[PDB]
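Shown below is the structure under consideration.
It is the complex with one fewer protein chain than it really has, and the rest are unchanged in position.
Order of writing sets the chain letters: A, B and C. Residues in each chain are counted from 1.
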Amino acid sequence: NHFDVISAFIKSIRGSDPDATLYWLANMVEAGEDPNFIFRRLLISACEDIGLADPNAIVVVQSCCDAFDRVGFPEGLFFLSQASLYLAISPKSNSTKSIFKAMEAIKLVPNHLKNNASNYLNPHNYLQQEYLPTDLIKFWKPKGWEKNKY
Amino acid sequence: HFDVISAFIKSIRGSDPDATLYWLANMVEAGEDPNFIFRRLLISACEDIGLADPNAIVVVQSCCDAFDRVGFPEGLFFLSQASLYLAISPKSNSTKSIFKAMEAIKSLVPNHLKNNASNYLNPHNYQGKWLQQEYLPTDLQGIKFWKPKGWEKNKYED
Amino acid sequence: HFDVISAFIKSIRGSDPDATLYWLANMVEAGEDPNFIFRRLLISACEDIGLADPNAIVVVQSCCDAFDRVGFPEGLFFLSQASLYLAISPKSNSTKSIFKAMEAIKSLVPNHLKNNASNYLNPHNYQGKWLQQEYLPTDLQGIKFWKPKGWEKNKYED
Partner (left out) sequence: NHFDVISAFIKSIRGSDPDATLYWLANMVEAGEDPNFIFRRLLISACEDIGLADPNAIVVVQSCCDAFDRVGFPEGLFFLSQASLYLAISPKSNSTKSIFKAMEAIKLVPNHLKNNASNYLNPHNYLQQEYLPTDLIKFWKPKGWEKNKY
């Protein structure tokens, strides 16, 4: 049941609602919830829910955890609030979970991709060349920063 | 001692790099613990700059780490970089919002927002433009805890 | 094993996110050490992306730190973020330059460039537009070890 509050909190972040985020956040801290337990979920969210929409999201959130470590309560509340608000208002993407589609397919390396392959063409020196095996298909599904990169 | 550190943070909050430097210099002559100064700088990076530039906490944290690796005398420049950086950043106190919501708390979880809820819809699966779903309890929908004033503006406008 | 990791780095170098993911997935099914994968990702962030985006090393390092804090199963997403991020970044091998200069070495310090040199002039004191001062030995002036190809371009143009 405190799993229910942190769930409401993370779904609020995922839904881009900074008000509900703070509300569930305040709920957890009036309840004396463990801050490392909040931070671990923020980190995961920074990569599972924001991810390549803003690839510096994990950087900001880690700085907020480190800062919290040095500082603790009552002041640390600001790190919790910045990191929570920061994820709530960021653009969203779950394209980092594309790894699971690839793990499903997995469940032999082309020659040109072998270590010290003799017929590898280095893209820096220059491109058509195949990176998947012959018998294989799109695993990565882009949805922010990843849009421009795409 | 606690007045000097106060004048330091207020000069930063007031966007005064010169006074910022003067109270920093005061503090180190007087033997103040650099870890203590870095605590207040980390705090002020979220409390006084905050989402006006959420990179501020990364830069200051990295100044703090640089100081742990180098120590004095050269550590004095990382105190100075961190301090100057906050003094000249745009300011916002919007992270103080959490206290507003905390006052609203001082509250059951809606069913669709519980862990593993069967009626929860996931914005990542959503083929539309905005998933309309309740995130606050019903008696509170519409209530506003956060408004931005820099980087928070742009993010808000989207 | 060393062929799989090779195909992984080459897919990243080739800007292929799909193949990148497939060889990542291959590696973790096979039990590959995540620290080993992160080493190659840190390396590739400087060798293959490099000054095309010097933030790449910060992001990947931070993925690595996130993995140390979280471990599996959720650590798999930080491997994935780091990997995908390099696959889609602009590429540059311009940090390989150091090997060129290393070949020129395989050499006394000019006097004005020695520690505490009395004839050294400091670009920070310089009231002009560009301090013309020798940084290479005289028999080497004009020689070029680095050319950019992204972020390195802009920095170069200045």
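We adopt the following convention: a contact is a pair of C-beta atoms (placed from the backbone, for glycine too) under 8 Å apart; a residue touches a chain by one contact, two chains touch by 3 or more.
Taking the complete complex into account, the chain left out of view touches B, C.
Considering C:50, C:75 or C:150, the position touching the chain not shown turns out to be C:50 (whole complex). Those residues of chain C that touch the chain absent from the view are 35, 38-39, 42-43, 45-47, 50-51, 54-55, 57-58, 61-62, 64, 94-98, 100-102, 104-107, 109-110, 113-117, 120, 122-124, 131, 133, 135-136, 140, 143-146, 152, 155-156, 158.
Remark: the residues of chain B touching the chain excluded from display are 2-7, 10-11, 13-22, 24-26, 28-29, 48, 55, 58-59, 62-63, 65-66, 69-70, 74, 76-81, 84-85, 88-89, 91-93.
Keep this in mind: only the chains that are shown with their structure count from here on.
Per-chain CA centroids place chain B at a distance of 30 Å from chain C. Rounded to a whole number, the gap between the C-alpha centres of chain A and chain B is 20 angstrom.
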